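Consider the single chain below, provided in structure tokens and representing the form solved without its partner chain.
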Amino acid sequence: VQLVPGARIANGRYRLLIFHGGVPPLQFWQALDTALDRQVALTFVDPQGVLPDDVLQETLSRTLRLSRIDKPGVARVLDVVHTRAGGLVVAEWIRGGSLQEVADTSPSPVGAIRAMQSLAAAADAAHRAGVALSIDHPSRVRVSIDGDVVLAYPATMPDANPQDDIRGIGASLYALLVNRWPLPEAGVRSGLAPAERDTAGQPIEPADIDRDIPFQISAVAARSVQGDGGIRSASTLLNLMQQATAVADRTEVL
């Protein structure tokens, strides 16, 4: 079939508006719910049917498992339906902007790390619940008006794991900090340039690229983005985020 703006999906209930990219076979869409007249976040799980039913089923399952976690870091799942275009994960629409859009406004460092805490925290409840967020691509998250960073398009496939979440979270923090995506790219419609690599392949640290960025805040970004090691828990990740914040509010004025 075909997915393009205007399409009507699910007995026509949803009309597509904007394509927000994804990591195939996933597709992140912005759509209008014509029965309740309000926007929703569609995650299509497999438009072309390329997935073995076994993987599909595990994907819905882990997504559902993620759904019952109620934290501001994750969009609320409204439904999970099978449509003419494959499995479909319907989520509330988060007012604000994409992760791409906000980073292009070189936002305050302190404002950025502070806003990431909702993401790290939701990560933590998830992991403690045995399910990953799958922060694998910048389109996956938005920034809400209320200054939270949110998993907008839920859809947790088999490959998603806690450790990749920590990496993906920092890859977001990094994005806000330097408007660059320090991860290889497994995407369509990424919208963000790649991060400069040092000689050892590790991304150049945020502070070195812009010495205005407090040291603590650039540390949490880099020690997190590298799967090399260091941070190995949303739990710890959050606390680092929090200490980095306190140091920063104090020092902020100066």
Contents of the next structure:
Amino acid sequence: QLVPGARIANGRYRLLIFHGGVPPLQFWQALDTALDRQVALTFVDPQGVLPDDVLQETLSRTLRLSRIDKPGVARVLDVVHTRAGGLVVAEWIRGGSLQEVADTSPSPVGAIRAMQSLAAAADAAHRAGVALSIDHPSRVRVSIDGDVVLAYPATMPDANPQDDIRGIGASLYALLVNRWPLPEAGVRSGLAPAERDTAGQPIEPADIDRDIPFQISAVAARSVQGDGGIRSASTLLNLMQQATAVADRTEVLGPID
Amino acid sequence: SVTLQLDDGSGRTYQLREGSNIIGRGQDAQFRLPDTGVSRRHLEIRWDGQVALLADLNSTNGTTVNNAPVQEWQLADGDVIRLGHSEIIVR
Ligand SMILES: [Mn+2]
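Right, and the form solved in complex with its partner chain of this protein, after the form solved without its partner chain?
So here's everything in the complex, that chain up top.
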């Protein structure tokens, strides 16, 4: 019943392009008819299958997130109830989906430099007492200024920090080797599932492409595994930073200018 | 036998192994320095059990030994190597 061309919130938004999501959520790209620009829309439970109090808690926690000002989360412009359960309106992020970018096979260093924005947002968010809910590839876009961003904010009761760490880790795996290493829920993202070892685990990115520096592969690999040492977004952020500095370009020294 | 001592109060040292020993900031350096001004592959020291021969791997910022800029240089006990804002003593 949500389809492209549909008008939402008293004709305020018109749906343009569907970008997936794991149910009960739907991620949409829409037109703000009153302001004549695009916005990101996250529909919470368009069909009304959740208990009211779950819907309530989702919108409450999502506002919590809206009070954070970091590049790695889109601005939440509005949170409303509509003829389609809850709605989270976010600013539109010029760029492309995580999927689109992964398919271009970006450089490992480029990829991990880009991820810091997400990891740092998770850190901030976790400190404010809320999760980002990186639960699906389609949550994430890469902006043309090179930040990986939560484009479709909507934090449900069961979301938690540990799963963000895996999600952010998985987003990195994706950029590295163009696969999603966590199990795929809801609407397929376009990322093929990762290749896996005899032991069950997803194959380490450096073992799929040995041009990937092992420190960078390591951040992805350890983030994504269950019993893996990485336990805070702060730690994750720091490992990424270090990985990045090891491979970054050299600072130039010269005499005074 | 030849040991390089990083002079940053960290007390880290590295003994040369026969053949190529890469010194730099990058991940496959034998002796790695987290100095942003140091190149990922900054210099190479070849060692054959007798002679430690240093060579600047076309680094961004150069390498001096005993306050003089070098390209290729045979090391001696006591030499001071400067790269980026780091210093390595040869002992
Ligand atoms: Mn209009």
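Residues that one form lacks are left out of the comparison. Positions refer to the first chain, counted from 1. C-alpha atoms forming the largest set that superposes within 1.5 Å between two forms make up the rigid core.
Remark: 250 to 254 is the one run between the two forms in which three or more consecutive shared residues have Cα displacements of 2 Å or more on core superposition.
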